[PDB]
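Next come the chains, spelled out residue by residue.
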Amino acid sequence: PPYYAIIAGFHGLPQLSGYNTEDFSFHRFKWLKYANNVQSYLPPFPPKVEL
Amino acid sequence: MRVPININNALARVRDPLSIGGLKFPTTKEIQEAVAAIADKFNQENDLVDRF
Amino acid sequence: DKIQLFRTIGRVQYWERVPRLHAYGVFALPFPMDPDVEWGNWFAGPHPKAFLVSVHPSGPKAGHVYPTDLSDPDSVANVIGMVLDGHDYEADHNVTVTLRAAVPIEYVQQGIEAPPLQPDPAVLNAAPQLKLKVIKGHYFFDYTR
Amino acid sequence: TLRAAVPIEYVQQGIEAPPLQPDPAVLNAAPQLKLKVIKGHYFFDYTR
Amino acid sequence: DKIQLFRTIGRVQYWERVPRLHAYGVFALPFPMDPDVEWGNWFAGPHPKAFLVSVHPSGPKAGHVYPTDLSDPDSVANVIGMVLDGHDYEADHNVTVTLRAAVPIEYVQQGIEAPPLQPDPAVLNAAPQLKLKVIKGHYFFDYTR
Amino acid sequence: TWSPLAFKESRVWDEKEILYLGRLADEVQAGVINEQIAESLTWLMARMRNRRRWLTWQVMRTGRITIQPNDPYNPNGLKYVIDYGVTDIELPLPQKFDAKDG
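Chains as they are written, first to last, in our numbering: chain A, 1 to 51; chain B, 1 to 52; chain C, 1 to 145; chain D, 1 to 48; chain E, 1 to 145; chain F, 1 to 102.
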């Protein structure tokens, strides 16, 4: 039964650069919820055309 | 007082040369070392009234 | 007592992994491990060892493997394969389970109180209902069937 | 096909069975059909 | 779990060596250590710590020193001094016992279940019959008299 | 310590469709699988780039890689909860900026 095959992959993970050596803490990025009603200032988008 | 140690020689020594993990054979790995010095920066001496 | 004559302060044994028949084939799929199992004394010892795992068919731990209880009939009925020369259980909790292989009978022990490099007689006794077959001192198994 | 390994979402018996979904009639009878479900796939060989 | 972020795997504390009065004088003589005493939990910890020893006056171990039992009236009556610094008990079994020194009360704890750097209230209670005198928060002892 | 993850995938084309498909308007002499493999070859390169950005953004958003058994594109059912060291990823703000009190 002749056939054909493709295999793809890799190995990996992300890693942070460097933590604080005094007390082991990392904060280079934080997230802030700055406002609630922001989509009232935003233009709408076209809907998804699905054939 | 400081503790009488080598900084260079303690980092190369605190690692087991005769230990294997859950894998029954020694694995490939990579090791980096870093040195920190901890001193209280905010305990300063009252140099004000030396001149008064 | 100021002499302190020679002693051995640490030993290291290194081995060759597990002999396996080239022609019979490999088939492996990794399953999650059970956190309720002390996996340390199952991956201890430098010597070659293989052991059977069973899967939980249901419950909150469904799809997790645990070493096969040969006195529990439902742990025998739920075998899924062997772990061969187990991995770093400390850095990862998902072990590759080999479902089809051919391994000599000297490398498979279930008990922690079972000597290395000997055939485990409890595996040989339960070998029909473990879906194992001993042919020329080798276990032949396949759990995809 | 007598020996293959197919995901369980592609196997539906009844015509009144939605496509791309698992079939609970097959999964209930998979032991006595000599099928075996391992990780969302059916393993079968009917030469044995 | 795959990373194991940061854990301290080794701790070393380095202290200073149990201050005493310069002017009161030092008089020390080595004694054989009792083999029936577990000396490993008397020399444990980096803390500046001193403790009393009593000598066996007679019997098969006459001349050997053991740490002072504060509840035994004979071990109290047979005190010979303090072990101030801390001895290499593994190699040698002959400890240098100070018979005359002047040591602050913060550094003398008898029991293993006694906090370091704090006065032991059992020693302060027993200081008359231990031939100790407390002056300015310091013990004054001379067991040559 | 640090140690990676693993992910790979496969695809097979059987014997019927290699020479039993052409176009749908005209007639073609069995050469369309060479056009359909080269897409699916290019598609799997995009899968590995799409997997990298997911794990990358999972740290940037929560600092916590989580992979559960019942999950999209985890048929194998594996378990990974990889906690990084991101301390206090959310800033506190009880009245946002457009509260307009009064």
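Derived from the structure by calculation, the hints contain no laboratory data.
Each residue gets a CB set at the ideal place from its N, CA and C atoms; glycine is no exception.
Treat the hints with care, as some may be off.
Below are the DSS-like pairs computed for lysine-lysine, each with C-alpha atoms no more than 30 Å apart in a straight line [unchecked claim]:
no., chain 1, residue 1, chain 2, residue 2
1, B, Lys-29, F, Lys-16
2, D, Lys-36, C, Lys-2
3, B, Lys-24, E, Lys-2
4, F, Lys-16, D, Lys-34
5, B, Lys-24, C, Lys-2
6, A, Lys-30, E, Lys-2
7, C, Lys-131, B, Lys-24
Far from chain C, some chain E residues (derived; all Cβ distances over 10 Å) [as the list claims (entries may be wrong)]:
no., residue
8, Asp-1
9, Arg-11
10, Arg-20
11, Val-26
12, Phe-27
13, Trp-42
14, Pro-57
15, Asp-69
16, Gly-86
17, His-87
18, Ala-91
19, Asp-92
20, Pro-104
From chain E, some residues computed to sit far from chain B (all C-beta separations above 12 Å) [what the hints assert, rightly or not]:
no., residue
21, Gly-10
22, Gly-45
23, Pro-60
24, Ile-112
Handout entry: No chain B beta carbon within 12 Å of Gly-10(E)'s
Key = Not fine: 6 Å to the nearest Cβ puts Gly-10(E) too close to chain B.
Exercise for the section: Against chain C, does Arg-20(E) hold up as non-interface, every C-beta pair farther apart than 10 Å? Expected result: holds (28 Å)
Handout entry: Nearest-CB test (10 Å) between chain C and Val-26(E)
Key = The assertion about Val-26(E) holds, with a minimum of 25 Å to chain C.
Exercise for the section: Evaluate the condition: distance from the CB of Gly-45(E) to the nearest CB of chain B exceeds 12 Å. Expected result: holds (16 Å)
Problem - Closest CB of chain C to the CB of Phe-27(E) still more than 10 Å away - result: holds (26 Å)
Problem - Interface-negative label, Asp-92(E) against chain C, beta-carbon threshold 10 Å - result: Incorrect as stated: the minimum Cβ-Cβ distance to chain C is 6 Å, not above 10 Å.
Practice task
Take a quick look at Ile-112(E) and tell me if its Cβ sits farther than 12 Å from every Cβ on chain B, holds or violated.
Solution key: holds (26 Å)
Problem - Pairwise hint evaluation, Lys-16(F) against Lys-29(B), where the allowed Cα distance is 30 Å at most - result: violated (48 Å)
Practice task
Starting from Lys-24(B), check that the Cα of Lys-2(E) is at most 30 Å away, please.
Solution key: The given pair, whose Cα atoms are some 19 Å apart, holds under the 30 Å limit.
Practice task
Take a quick look at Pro-104(E) and tell me if its Cβ sits farther than 10 Å from every Cβ on chain C, holds or violated.
Solution key: At roughly 33 Å from the nearest Cβ of chain C, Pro-104(E) sits farther out than 10 Å, so the non-interface label holds.
Problem - Minimum Cβ distance from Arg-11(E) to chain C greater than 10 Å, as the annotation requires - result: holds (22 Å)
Handout entry: Claimed clearance of chain C by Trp-42(E), with the beta carbon kept past 10 Å
Key = Its Cβ never comes within 10 Å of chain C, the nearest being 18 Å, so this holds.
The structure does not agree with the numbered hints 1, 2, 5, 8, 18, 19, 21 stated previously, though it agrees with the rest.
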